[PDB]
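Chain residues, written in single-letter form:
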Amino acid sequence: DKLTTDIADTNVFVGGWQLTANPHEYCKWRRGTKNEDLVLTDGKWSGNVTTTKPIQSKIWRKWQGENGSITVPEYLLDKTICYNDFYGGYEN
Amino acid sequence: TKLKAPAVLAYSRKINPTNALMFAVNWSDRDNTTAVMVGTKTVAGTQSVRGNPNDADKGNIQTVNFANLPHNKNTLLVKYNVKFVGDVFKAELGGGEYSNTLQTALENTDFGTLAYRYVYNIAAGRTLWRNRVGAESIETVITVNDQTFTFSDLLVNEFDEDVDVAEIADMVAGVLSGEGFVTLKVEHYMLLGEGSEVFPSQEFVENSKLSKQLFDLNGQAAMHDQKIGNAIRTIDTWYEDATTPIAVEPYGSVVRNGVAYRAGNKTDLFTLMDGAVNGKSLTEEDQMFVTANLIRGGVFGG
Amino acid sequence: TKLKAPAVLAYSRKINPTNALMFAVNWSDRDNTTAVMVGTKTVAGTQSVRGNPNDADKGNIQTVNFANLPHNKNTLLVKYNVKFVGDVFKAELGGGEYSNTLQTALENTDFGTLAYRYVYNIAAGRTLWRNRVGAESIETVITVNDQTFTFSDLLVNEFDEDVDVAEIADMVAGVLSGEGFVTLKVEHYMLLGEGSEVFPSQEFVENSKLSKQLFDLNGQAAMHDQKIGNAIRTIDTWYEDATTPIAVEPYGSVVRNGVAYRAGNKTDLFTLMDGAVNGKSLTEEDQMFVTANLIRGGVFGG
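Chains as they are written, first to last, in the deposited numbering: chain A, 838 to 929; chain M, 2 to 303; chain L, 2 to 303.
If you are wondering where the hints come from, they were derived from the structure by calculation, not from laboratory data.
Here a beta-carbon is modelled for each residue, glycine too, at the ideal position from N, C-alpha and C.
Among the clues, some could well be false.
Pairs of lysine to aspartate or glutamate, EDC-like flavour, derived with a Cα cap of 16 Å [claimed, not checked]:
1. M/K210 with L/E207
2. A/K881 with M/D58
3. A/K881 with M/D56
4. M/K42 with L/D111
5. M/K42 with L/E207
6. M/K59 with M/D32
7. M/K59 with A/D879
8. L/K228 with L/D242
9. M/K80 with M/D171
Residues from chain M shown here face chain L by an in silico Cβ test under 7 Å; the list is partial [what the hints assert, rightly or not]:
10. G40
11. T43
12. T47
13. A57
14. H72
15. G196
16. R257
17. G259
18. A261
19. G265
Assemble the whole structure, with the sequences as input and the hints as a guide.
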């Protein structure tokens, strides 16, 4: 019902609309959420991150990180993503 | 049978020390005492934590509290009063069946060894904690019911036989076995050297600007009474694989080493206490341990 | 295996120096010690701050300290007692599942060299940073267990052989390898010249505050105890690309140069102690560095 043999506008047989910008606007490749990137720079986080401590009950392996970046949706940017060494992002 | 415990059962502190005030004296002139003051100094460190090495750069730079002897006197004096109190087997706020069966259970305990280890921890200067580090000579003056006892450097981890420690422990055991009380005014003289940094009790703080804050009373350097009292009951040499005396605790628990020395091997206070009430025979060292926890105090409820 | 380090693991400071009190003497009149007073001159100037442009019109009457020699004495005398203490392997907050493995991994430490470099930093003048600069004559007197030692010409950068430092290093290594303490009363006499300006240590001021605080005990110019402790442990010539002795840090980090020499290249203390308690073969120099850190002390937890 989405990959049908029609042309529609966001469909697959698209004809007539290739001339327009419609199949590249309404059918977006890797359509994701806003996605801002909170970046860890040498152990110091950029935005509203606040490093936390995991439960240390059954962790087998936990690797630490100092550089890199985490991809946070704009919805969860409102609150602190609370990055942690064991499990990355959550709501707390 | 099987008297379990009162859930409310608690015992009070039978060894009550005062806050150990610190003064600066000379080794020859011990009467001219001057208040060692807790000042604050600022400090530039190197930010050396175990984890991330990439913040080893830039300063650590924070303020802490310090207490040094002034550079005209070379001896640290520590003043406190330790009050041993009797009625040790009565529960202050616990029940009246379990408490009296525990009283009859520990009525034949060896109070002499208990009192000797307490008076030895007082007289060997174990109430001094890091202030003994680099001391030429530790002279302990214990005045008890108008009787002055002077002690030189005694070996602390072993409770070797001394006749003056046994002399004070005679009235301390007479107090602890029955009713009444006794007071020990204890003055420590350690030749720390002119200007040596002393170590008063540190404080627990959360939002303070000081990274380390020392305990003070009107600015004078002082030790916590709970720290001194913890060093009174560092007599436990009766746990499993005993090497050094640890503090008397219901679980033999030392916070610093992070391992409880009497938990998990059925040598804690509560199992022996329930056994002593329920009528199985206790050995002498664990009887002394249970009595030491009773005179330490604590809610043994649960 | 995989003996993971305790989070509470810390070691006490084992080289405890006092504050370096500073006096004015002559070169041939060494007994007449007059205390160097920190003078303080006022400077009139308006405030210029980033956060308050409205307050720049009037204010900031600042009064900056200074310390010179008096115009009748040409020699600056620096007195401090360095206290070396033993059992550097005892953790004070750590425990003994890791610290006992460290004891049995650093028992082969040549304390002789460690102590040599400590007493050489004591004697050669590493503890006299900006006031040994430009002095035509340097002298160090060390008094230790009623023994006097005289040092005149020791270049501070390399640890060359002199039997005088070695003599003291013996008893210092015997303390540090075993149990006990030793105290070196160190008096430095440097002939700078008539009325030459001297250099006390600096208290941390804010970005604003005043220009510079010099370190005062009871009005007299002095230098910080931790700053002398930085001088004594400045023995680290065993990191990769070692040009000059740096202060033994857990990360080999100097703040004033903006670089860390042992951080991030597997020669930091923490990887070496985990290698020691997991038992891989250490060389003599990095094991000596680890023992020097344990002498320095500090919390190593994570």
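Here's how the hints hold up against the structure:
Between M/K210 and L/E207 the alpha-carbon distance is near 14 Å, which keeps this suggested pair within the 16 Å criterion. Between the alpha carbons of A/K881 and M/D58 the distance comes to roughly 14 Å, so the proposed pair stays at or under 16 Å and holds. At roughly 10 Å between alpha-carbon atoms, A/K881 and M/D56 fall within 16 Å of each other, so this suggested pair holds. Of the supplied pair hints, the one linking M/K42 and L/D111 is violated, its CA atoms being roughly 35 Å apart against a limit of 16 Å.
A C-alpha spacing of about 14 Å is found between M/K42 and L/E207, which places the hinted pair at or below 16 Å, so the restraint holds. For the hint linking M/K59 to M/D32, the alpha-carbon distance of about 47 Å lies beyond 16 Å, and the restraint is violated. Simply put, M/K59 and A/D879 have alpha-carbon atoms about 14 Å apart, close enough for the 16 Å limit, and the pair holds. This hinted pair does not check out: L/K228 and L/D242 have alpha carbons roughly 25 Å apart, beyond 16 Å.
Only pairs whose Cα atoms come within 16 Å are accepted, and M/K80 paired with M/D171 is rejected, the gap being roughly 23 Å. The criterion of a C-beta within 7 Å of any C-beta in chain L is not met by M/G40, whose closest approach is roughly 10 Å, and the hint is violated. A hinted interface residue such as M/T43 counts as satisfied when its beta carbon comes closer than 7 Å to some beta carbon of chain L; here the least separation is about 4 Å, so the hint holds. At about 5 Å, the closest approach between the beta carbon of M/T47 and any beta carbon in chain L falls short of 7 Å, and the interface hint on this residue holds.
Evaluation of the M/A57 hint against chain L yields a held restraint, the C-beta minimum of about 4 Å falling below 7 Å. A distance limit of 7 Å between C-beta atoms decides the matter here; for M/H72 the minimum to chain L is near 6 Å, and the interface restraint holds. Annotation: interface hint on M/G196 holds; nearest CB of chain L at approximately 4 Å, less than 7 Å. With a cut of 7 Å, the hint placing M/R257 at the interface with chain L holds, because the nearest CB-to-CB distance is about 5 Å.
Proximity of M/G259 to chain L holds as hinted, the smallest CB-CB distance being about 5 Å (cut-off 7 Å). Violation of the interface hint for M/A261 is found here, the shortest Cβ-Cβ separation to chain L being roughly 12 Å, above the 7 Å cut-off. Among the interface hints, the one on M/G265 is violated; its C-beta lies about 16 Å from the nearest C-beta in chain L, farther than the 7 Å criterion.
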